[PDB]
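First comes one chain, alone, set out as structure tokens in the form solved without the ligand.
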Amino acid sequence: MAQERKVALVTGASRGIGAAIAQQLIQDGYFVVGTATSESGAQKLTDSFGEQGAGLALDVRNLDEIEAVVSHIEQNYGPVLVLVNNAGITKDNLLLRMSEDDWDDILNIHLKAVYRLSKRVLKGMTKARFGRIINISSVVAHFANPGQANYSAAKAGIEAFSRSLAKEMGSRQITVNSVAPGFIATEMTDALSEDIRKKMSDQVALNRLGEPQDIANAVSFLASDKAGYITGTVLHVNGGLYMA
């Protein structure tokens, strides 16, 4: 029988923030397609989602794969009406040691992928007169961090792109927003020491690291009818690490 739920596409859905976002959108009643870089990673997503989603392998650096994935979704599940662009790969270095590849790969994975995927889903959202594009940004697009000139430039570019797109698509009722996580507990933070997690949490007004679910909760809100008059904004979810 036919897939009748609205379709959400969450890139980088294997773990942490992306995993929580995908699961929450399933809970919210979407049919969720999540992506992983590998086929075995995709198969794990398929396992996790069961009969209310699918896992697909996608290297977001490649236009042909983006186009193939979205076409596959359209042909099998439905038009992508919620797009969550989620990527957290970093290639950090002070600028004097930041290579051409450190730069290009991060700009491609983060910002170019947002451009390509957003462009690819617009026709479906225009036809529906409904759409949500939700970009996962970062506190470091706002708060300066040495060694991450590449990642910061990408995330800031994503927020500016989102403003531009929000203006272009707003008459059609499609909203385009970013969520900027702060210090969220991930495999990366789990790998740090307790002392270093304390040094982080002391900087957060709420005195703790966040959880992937806090980011999922923000995305869930923005993807819902409770957020239909919010567009071109950055929703900061950082426990008061960065306020203004």
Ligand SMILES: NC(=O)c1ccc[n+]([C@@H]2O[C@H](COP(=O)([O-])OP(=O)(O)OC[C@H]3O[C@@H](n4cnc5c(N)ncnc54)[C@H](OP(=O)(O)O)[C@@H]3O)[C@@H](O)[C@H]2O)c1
Contents of the next structure:
Protein chains: 4
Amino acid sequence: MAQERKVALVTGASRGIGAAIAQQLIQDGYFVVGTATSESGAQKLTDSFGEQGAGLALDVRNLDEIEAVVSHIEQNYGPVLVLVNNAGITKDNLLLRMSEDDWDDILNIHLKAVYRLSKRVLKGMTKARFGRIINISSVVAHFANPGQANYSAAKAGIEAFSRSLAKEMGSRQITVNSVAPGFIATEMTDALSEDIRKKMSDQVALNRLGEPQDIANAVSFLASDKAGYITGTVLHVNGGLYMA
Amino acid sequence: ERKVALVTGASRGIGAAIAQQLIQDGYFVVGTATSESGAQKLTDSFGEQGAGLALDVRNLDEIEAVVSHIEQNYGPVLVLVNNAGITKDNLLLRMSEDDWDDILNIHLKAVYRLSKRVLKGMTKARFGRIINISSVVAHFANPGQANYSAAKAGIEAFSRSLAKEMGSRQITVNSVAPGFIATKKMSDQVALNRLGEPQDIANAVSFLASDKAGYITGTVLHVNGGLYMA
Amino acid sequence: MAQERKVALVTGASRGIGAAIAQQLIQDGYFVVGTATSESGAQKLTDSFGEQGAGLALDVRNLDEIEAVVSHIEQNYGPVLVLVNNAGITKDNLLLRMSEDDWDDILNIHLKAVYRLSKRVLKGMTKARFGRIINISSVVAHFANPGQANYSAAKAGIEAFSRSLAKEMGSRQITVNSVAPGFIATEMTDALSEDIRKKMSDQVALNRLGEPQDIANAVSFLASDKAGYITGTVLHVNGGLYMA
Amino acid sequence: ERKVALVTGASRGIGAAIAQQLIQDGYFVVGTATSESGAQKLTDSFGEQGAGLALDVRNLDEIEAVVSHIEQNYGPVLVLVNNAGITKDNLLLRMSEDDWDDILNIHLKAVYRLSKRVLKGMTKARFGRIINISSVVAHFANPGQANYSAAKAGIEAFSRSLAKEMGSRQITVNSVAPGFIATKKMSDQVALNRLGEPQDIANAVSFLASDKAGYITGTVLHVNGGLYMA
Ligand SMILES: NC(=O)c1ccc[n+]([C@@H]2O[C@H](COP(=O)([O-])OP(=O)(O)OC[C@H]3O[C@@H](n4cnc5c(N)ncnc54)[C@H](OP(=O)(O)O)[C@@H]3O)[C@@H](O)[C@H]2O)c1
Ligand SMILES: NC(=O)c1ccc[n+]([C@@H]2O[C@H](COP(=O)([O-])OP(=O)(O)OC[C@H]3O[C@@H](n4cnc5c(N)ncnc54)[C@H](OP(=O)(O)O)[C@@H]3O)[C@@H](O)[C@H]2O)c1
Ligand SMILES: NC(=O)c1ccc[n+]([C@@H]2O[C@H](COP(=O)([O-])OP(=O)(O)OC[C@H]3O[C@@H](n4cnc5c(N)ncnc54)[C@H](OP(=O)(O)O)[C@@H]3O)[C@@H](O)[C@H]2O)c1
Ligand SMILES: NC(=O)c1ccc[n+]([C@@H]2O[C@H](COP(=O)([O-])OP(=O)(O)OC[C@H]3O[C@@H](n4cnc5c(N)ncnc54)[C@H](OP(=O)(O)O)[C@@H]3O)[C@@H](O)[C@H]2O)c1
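With the form solved without the ligand already on screen, would you show the form deposited with the ligand bound?
Up next: the whole complex, starting with the chain shown before.
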């Protein structure tokens, strides 16, 4: 029997936020394809999802890989009808020490990848007259952070891209939205001290760090029928760290 | 039994959809109408999972009597949805003091009054949801609606201040800003090329009132089909 | 000889920001009417402005006073063509201790006064096909501050009011804008300790408290021909305390 | 002598108005064009109060040569106005990699590159103005402009980050977002019921580059006639 569930593609699904998003979309009833940067990582995803998802190796910096991955999904599982752009890294530096590579690599991994993957999935969504593109942004696209001019520019760019695309695709009942996490407990915050986590949580109105599941819950909502009249927005999930 | 939600203006439209959805979600819903007859209709619709009460949100005495009644009979209000409203549009040159004041009182003052009155129960519970219905026109301005736009924008700023005050007690305070909701030129302005339905707003309120939105506070959730985008 | 300069009305011009705005608009060439809450305060303003302005007593809570003041200006100096809504106070309290009076008095002094004064001056601006309404808002209408739910609601309301009015009056070449100060050195910050002023200035990107003249400079710009294509905006003057 | 301003794309339109205004304000203005012929025309327009240089902001080598030349011959760049730009609009389905990349490079990458290159002189002076020309469409979205809107929104966020980095040295970093500027259906969307002129933008840049805006940093100054309001 053929794969019959709607297909979601979640980039960077190995851990933390990406992993929680992938698992929640599986629980919601999607067939989930998740990506990792290595075959070994991809195989781990495959095993975690069991027979309701697949893991694929992908470096989102490369158009040929993006095209190959989506073609593979279309040929084996179905058209990508939910796209979650989550994969990313940071290369922080004050501008006076921010190299051409530091800049280009971050813009390519974040903003260029959103452009490339969004463009590649539009045809299938158009034919379906259904689609969800959900981009993971950051509180830092709103609240200024020194040392992250590259990351902030990319994430803000993604939000503006999302608005333009939402206008273009709305008549096909495709929604395009962003989710902007605040302080979410991840590998990186785990590496910080208890004292610094307390300083962080004191700035959050809710007085605690969030969890990957909080971001998964937002993505889940946006990907659902409960959010069909929401498009071109940023859904802030930061515990009142930043309010708009 | 269940946690109690209070939904103001639950007789029809958006409020009715919200009240019915929160019932389906598992809340005991107290819905309000401006008449005793409207309040009875709600009691009859909700049956065992809710109650109807008459309330004019312009009046502090009624607000205090209504919440007291709920506390005596059903339990503390742990989800407050401030939805009751009207419009009295006019270009500023034709906008009377009464038209200004009545809109500010029904929308913004009521949010201040009801929010203040429910804080103690939420604080004791270390749980709460205050969900205020705003509007797209608090962002995308419309001539003739200076009173309504001022009130809804006020509500949003109120909500941010209160979110900061109450967050440590795990009370979230948020706004939902509907676009054009059906109660051709309009739907052409919307990216999705259709008007919204009350259920679209109920769905957003339902999300916010749930554990799925436990880390969301002080925000505006825009439900407008791409009529206005941030 | 009759009063020939364009007339500006600046509410609460006794000190700090209001005083600096009034004096700058005089330097710009306006005839400035400033207000104070007492006759004694009004007389001080009269003397400070010399023969290029007037002081009038006004409590902006009262419609009859607002109407009387503007009528007086029209009968003696000219139509109000620049309106600067600056007068105000705070009555801070956490919501559980914020009384009906605390709420009503702040909404009336800030938002109702803007509505009342704006409405009262429109006819003269309409006839002139020139007008500037400039409302003094606050960073707190944007950046959440506990204890100021009344003040934040009023200032945010003023900004939304300004947008609606800007749409209504734009075809008459009347602009309606707000200026949102951050940490400005005033009587109130003078009353704080050196330590607390240092904590404040550490949060400002420019690493210092602003001065009343910084707000006057913004108001001056908006009231000028250099800002004739700017309407319905908030001009933030906070040294990068809050960025949008 | 005077403080040096660099204005990219000063040949015509908004950039030309900015360059002429900054001259009137008292800056020595270095303006740029994409050709040697265009650069000569600027040198001739500016006379004693400015110079023209050829620059394609897509190229890092040219950016570095241009600023070095200015530093050798005129003084450190203390006011940088990033204005040079083009559009390559298309619906996303027809937007090629080249059309994406070229817009990102000319707009956003150039702002990164030029800002980085001028920091040292501004830091030494403990004075600086970086003024980036954005656009209303970074806020009020337009179909067909996903590349341009992404770049301009990126520029604004870049500007906020840099404003935080450089503020202690009294360097301000701000964006000016023009609406429809003339270079009927359009002017009906504008509250002021007319298109803007290049001078409206020059006036806003002039304000920001002056001591009258010494406490303004990390902001967007909207100059759009009420086409889009915050
Ligand atoms: N954590 C937070 O608090 C926070 C706050 C704001 C925004 N965000 C955003 O939320 C998203 C999740 O971030 P995170 O902190 O959870 O990340 P993370 O735990 O570090 O995970 C990174 C993921 O992205 C993948 N990845 C890295 N480089 C890649 C490339 N070139 N191509 C394809 N995939 C690549 C990684 O693959 P491998 O595992 O195979 O290396 C991994 O799955 C990001 O977009 C981030 O910017 C997070
Ligand atoms: N519809 C839209 O497109 C739209 C867009 C943006 C925002 N909103 C907001 O959504 C909310 C609901 O709007 P709607 O379109 O559903 O309105 P609606 O269909 O006219 O319903 C109004 C409700 O409020 C109640 N109400 C009116 N005045 C009241 C008072 N003084 N005290 C107590 N209750 C009162 C009414 O009670 P009775 O039935 O007893 O009269 C009714 O239940 C409002 O806050 C509105 O501003 C709506
Ligand atoms: N200072 C800051 O850092 C800051 C920050 C954000 C926003 N703001 C805003 O900027 C404006 C200036 O504030 P400020 O702190 O400079 O004020 P301030 O120095 O305390 O001056 C208050 C002024 O308003 C007048 N006033 C008070 N109550 C009045 C009433 N009922 N009717 C008429 N006039 C009245 C006072 O008159 P008398 O002198 O006769 O009493 C005085 O001239 C205000 O709107 C404020 O909300 C200031
Ligand atoms: N016009 C509007 O309504 C509007 C609205 C929003 C934003 N803006 C922004 O305002 C800025 C100026 O726009 P405009 O309307 O004045 O444009 P314009 O009249 O077409 O002028 C463009 C300028 O940029 C230069 N330029 C183009 N490509 C370049 C490159 N690769 N390297 C260096 N310089 C280059 C041109 O030089 P040559 O003369 O040598 O070709 C010219 O001086 C742009 O950033 C634009 O995005 C304009």
